[PDB]
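Peer 1: Take a look at the letters that make up each chain.
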Amino acid sequence: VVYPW
Amino acid sequence: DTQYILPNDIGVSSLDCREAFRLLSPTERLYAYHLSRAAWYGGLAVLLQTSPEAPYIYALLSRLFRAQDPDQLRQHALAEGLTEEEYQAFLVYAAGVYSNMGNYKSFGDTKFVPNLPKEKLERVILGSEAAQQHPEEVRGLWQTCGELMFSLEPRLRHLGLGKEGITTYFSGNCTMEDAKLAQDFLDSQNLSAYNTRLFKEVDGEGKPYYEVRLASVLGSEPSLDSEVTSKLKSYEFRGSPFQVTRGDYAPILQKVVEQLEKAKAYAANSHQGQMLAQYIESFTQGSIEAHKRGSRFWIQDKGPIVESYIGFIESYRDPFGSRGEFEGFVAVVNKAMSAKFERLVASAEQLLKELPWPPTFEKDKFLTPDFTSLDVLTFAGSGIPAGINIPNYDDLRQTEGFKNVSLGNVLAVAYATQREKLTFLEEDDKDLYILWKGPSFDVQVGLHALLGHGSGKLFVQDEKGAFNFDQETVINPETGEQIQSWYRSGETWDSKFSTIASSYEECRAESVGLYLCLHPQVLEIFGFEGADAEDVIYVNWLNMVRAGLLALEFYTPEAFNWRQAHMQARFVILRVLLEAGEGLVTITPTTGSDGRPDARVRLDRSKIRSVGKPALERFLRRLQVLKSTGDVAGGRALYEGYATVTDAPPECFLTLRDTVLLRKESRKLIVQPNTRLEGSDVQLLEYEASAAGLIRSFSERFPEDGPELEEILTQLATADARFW
Numbered sequence: 001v002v003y004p005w
Numbered sequence: 006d007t008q009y010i011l012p013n014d015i016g017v018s019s020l021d022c023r024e025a026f027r028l029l030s031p032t033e034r035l036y037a038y039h040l041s042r043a044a045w046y047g048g049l050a051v052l053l054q055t056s057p058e059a060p061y062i063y064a065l066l067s068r069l070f071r072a073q074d075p076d077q078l079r080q081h082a083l084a085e086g087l088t089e090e091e092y093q094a095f096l097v098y099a100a101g102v103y104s105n106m107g108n109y110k111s112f113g114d115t116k117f118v119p120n121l122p123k124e125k126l127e128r129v130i131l132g133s134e135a136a137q138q139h140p141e142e143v144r145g146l147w148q149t150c151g152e153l154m155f156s157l158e159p160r161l162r163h164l165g166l167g168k169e170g171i172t173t174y175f176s177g178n179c180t181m182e183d184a185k186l187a188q189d190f191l192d193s194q195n196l197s198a199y200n201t202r203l204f205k206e207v208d209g210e211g212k213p214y215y216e217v218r219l220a221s222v223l224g225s226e227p228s229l230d231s232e233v234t235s236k237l238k239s240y241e242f243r244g245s246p247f248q249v250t251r252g253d254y255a256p257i258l259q260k261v262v263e264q265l266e267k268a269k270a271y272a273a274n275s276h277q278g279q280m281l282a283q284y285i286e287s288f289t290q291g292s293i294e295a296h297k298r299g300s301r302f303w304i305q306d307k308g309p310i311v312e313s314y315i316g317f318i319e320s321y322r323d324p325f326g327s328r329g330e331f332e333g334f335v336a337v338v339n340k341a342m343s344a345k346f347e348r349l350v351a352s353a354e355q356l357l358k359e360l361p362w363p364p365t366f367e368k369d370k371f372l373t374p375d376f377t378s379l380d381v382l383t384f385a386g387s388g389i390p391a392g393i394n395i396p397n398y399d400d401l402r403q404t405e406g407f408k409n410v411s412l413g414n415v416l417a418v419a420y421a422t423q424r425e426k427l428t429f430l431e432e433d434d435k436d437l438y439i440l441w442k443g444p445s446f447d448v449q450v451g452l453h454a455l456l457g458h459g460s461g462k463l464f465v466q467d468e469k470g471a472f473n474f475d476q477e478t479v480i481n482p483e484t485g486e487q488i489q490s491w492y493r494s495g496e497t498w499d500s501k502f503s504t505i506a507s508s509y510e511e512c513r514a515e516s517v518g519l520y521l522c523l524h525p526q527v528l529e530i531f532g533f534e535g536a537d538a539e540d541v542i543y544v545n546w547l548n549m550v551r552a553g554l555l556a557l558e559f560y561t562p563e564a565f566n567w568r569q570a571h572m573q574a575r576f577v578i579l580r581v582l583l584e585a586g587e588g589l590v591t592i593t594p595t596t597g598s599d600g601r602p603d604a605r606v607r608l609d610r611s612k613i614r615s616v617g618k619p620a621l622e623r624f625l626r627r628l629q630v631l632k633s634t635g636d637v638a639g640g641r642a643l644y645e646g647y648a649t650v651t652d653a654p655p656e657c658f659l660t661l662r663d664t665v666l667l668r669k670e671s672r673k674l675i676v677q678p679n680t681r682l683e684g685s686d687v688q689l690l691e692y693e694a695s696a697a698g699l700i701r702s703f704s705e706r707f708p709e710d711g712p713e714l715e716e717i718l719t720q721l722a723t724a725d726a727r728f729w
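Just so you know, the sequences run in chain order S and R.
In case it helps, this note's numbering puts the first sequence at residues 1 to 5.
In case it helps, this note's numbering puts the second sequence at residues 6 to 729.
None of these hints come from the bench; they were simulated from the model.
Do not take every clue at face value.
Claimed, not checked - Here are a few chain R residues that face chain S, going by a calculated C-beta distance under 7 Å:
{"#": "1", "residue": "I10"}
{"#": "2", "residue": "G392"}
{"#": "3", "residue": "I393"}
{"#": "4", "residue": "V415"}
{"#": "5", "residue": "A417"}
{"#": "6", "residue": "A421"}
{"#": "7", "residue": "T422"}
{"#": "8", "residue": "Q423"}
{"#": "9", "residue": "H453"}
{"#": "10", "residue": "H571"}
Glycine included, each C-beta is placed from N, C-alpha and C at the ideal position.
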């Protein structure tokens with residue numbers, strides 16, 4: 001799972 | 006109109022790795038070098054995973070820039086009658102396609118086309134130096150793609166199932182029902198969908214026949230042996246003929262495993278080599294279990310100097326939500342910046358007890374996740390994230406562990422967005438936003454990954470009636486009764502919640518982020534206190550409410566469809582805060598100093614703790630409960646309630662959307678370096694931050710096999726061409 005900028 | 010092109014002036018930044026490279030021992034460098042190569046190779050698969058024409062476009066472009074660089078090709082283009090500005094649009098498109106590994110945007114899942122006339126571009130192409138050395142292939146590529154390169158027909162405008170949109174995870178004739186029937190087949194067979202695709206063929210009667218194809222080097226041919234091999238055969242499921250096969254991306258995965266095995270030689274320990282071993286098995290046999298096994302070792306390997314990962318990981322871009330997009334990355338740990346994050350892990354066990362659910366809904370163990378700050382050498386795929394929580398297999402997550410990464414050089418790359426580019430904020434918020442945004446970012450990233458994704462337990466039942474919780478004595482705080490819902494064997498977070506799964510989970514994670522940033526220990530660990538901490542808290546919230554308005558550009562009203570999962574989540578959190586009322590947040594439409602429609606978001610800081618906190622706590626509780634018990638009817642009703650975009654007052658979100666669209670700003674493109682072997686010594690190559698430099702960075706990406714890779718993508722593409 002990702003946290004985008 | 007501006008939605009379907011990239012503007013000539015679009016930002017470009019260069020990721021900075023030099024000092025992180027300098028830290029590496031001669032061996033670590035060769036390990037990283039062979040790992041980057043594997044990553045970059047597999048990254049090309051993302052193309053077949055984007056659009057039907059994407060492979061062709063990449064081959065067309067790479068052939069152009071092999072023969073002529075952007076400055077040499079310019080000379081030709083301008084002799085052909087293009088204006089410098091038209092040529093620039095071409096570069097930007099080329100850069101965008103390279104950047105996305107396709108012609109649809111990674112953030113927003115929308116098609117983009119060249120911003121210059123078609124007949125013009127054709128001139129730049131057919132008359133190019135590349136067209137002279139190989140007229141056959143160049144004219145054959147432009148014939149198979151260029152039409153689709155420019156086509157904006159409404160059904161081509163966004164990714165998706167059915168006739169609404171474009172997807173390569175499925176044959177063109179597939180719909181939502183097909184995907185659901187497939188999902189059910191894969192579950193009963195205990196087979197993961199991460200690495201598969203669904204192709205559907207129909208007879209003259211019109212009877213559907215399904216091929217579930219797994220990714221692997223080995224065809225369905227006479228294999229070695231495996232948990233996969235026993236599954237290659239025909240089945241019948243609920244009246245539908247099913248065939249399970251493999252060989253997808255075979256010649257690409259072959260290059261990958263070649264490089265992983267080279268990397269194995271330079272491995273720093275036994276955990277690294279054991280995971281690579283299992284990785285090779287996974288990509289060779291198409292075995293996802295072999296990936297899980299490899300991930301287990303990789304979790305065991307703690308505080309390496311060079312961190313990495315590869316595989317089919319994130320399910321974001323699968324319309325249905327179960328299928329992963331290939332990605333890989335290679336990074337250098339930063340010890341300094343990793344200090345804070347270890348303080349965070351030390352106190353995490355403590356902080357979990359602040360979350361609004363019982364210990365019965367929290368994982369039984371709480372192993373230590375090993376949070377670290379990395380400097381990305383290579384990130385291959387649709388795009389680069391800020392932070393990551395891996396792996397994505399939940400059984401491992403709660404029985405074994407997981408890792409958290411903050412990529413400090415991706416953060417550093419966006420401190421950007423100058424004051425005039427800050428939309429919908431009053432002058433005074435602009436000042437705070439500009440000051441505290443960066444620091445506010447480090448915090449949200451940490452809490453998000455560690456406490457957001459790393460919290461919560463799922464209630465499971467295996468082949469027997471055995472539960473991983475205590476059935477009789479566990480009380481659901483909402484129902485005041487026993488637990489009536491849980492996951493069975495074969496069931497996953499993604500299979501059950503499907504379409505909303507990736508976003509719903511992201512909403513939960515960012516909510517704990519907002520919730521726990523209020524705690525003073527969390528903030529002091531990042532080094533803030535007093536009249537600093539309260540400013541970063543504020544901006545974190547101001548940032549969230551603002552992003553929930555900007556989120557509107559990613560909604561498609563006609564289809565009632567969200568195109569980006571992080572943006573949908575942020576809109577939901579915005580709505581939960583609005584619904585709380587009491588003056589916490591207001592959206593006031595206004596007029597811009599430029600005369601056009603504008604708006605202002607206002608956040609009242611004195612009410613964050615008195616109003617906001619209670620609202621989020623209530624929300625979080627409902628989220629976890631429905632996730633743990635895996636209650637889909639409830640889970641969907643809750644989430645699609647808040648995710649509904651309407652014109653209801655005072656907000657009028659549909660109308661607002663138009664102002665958002667008008668004021669939108671296009672996301673910057675990032676350039677990555679190349680590692681070259683001189684022989685024993687390896688070196689790092691850097692590029693200008695512009696469309697041209699990003700093109701060159703790809704031009705020099707594959708010096709050995711570039712022409713072969715192209716033809717490989719080309720043939721992989723025409724083989725399956727009958728499906729779209």
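Peer 1: Which hints, by number, does the structure contradict?
Peer 2: Those not satisfied are hints 1, 5, 6, 7 and 8.
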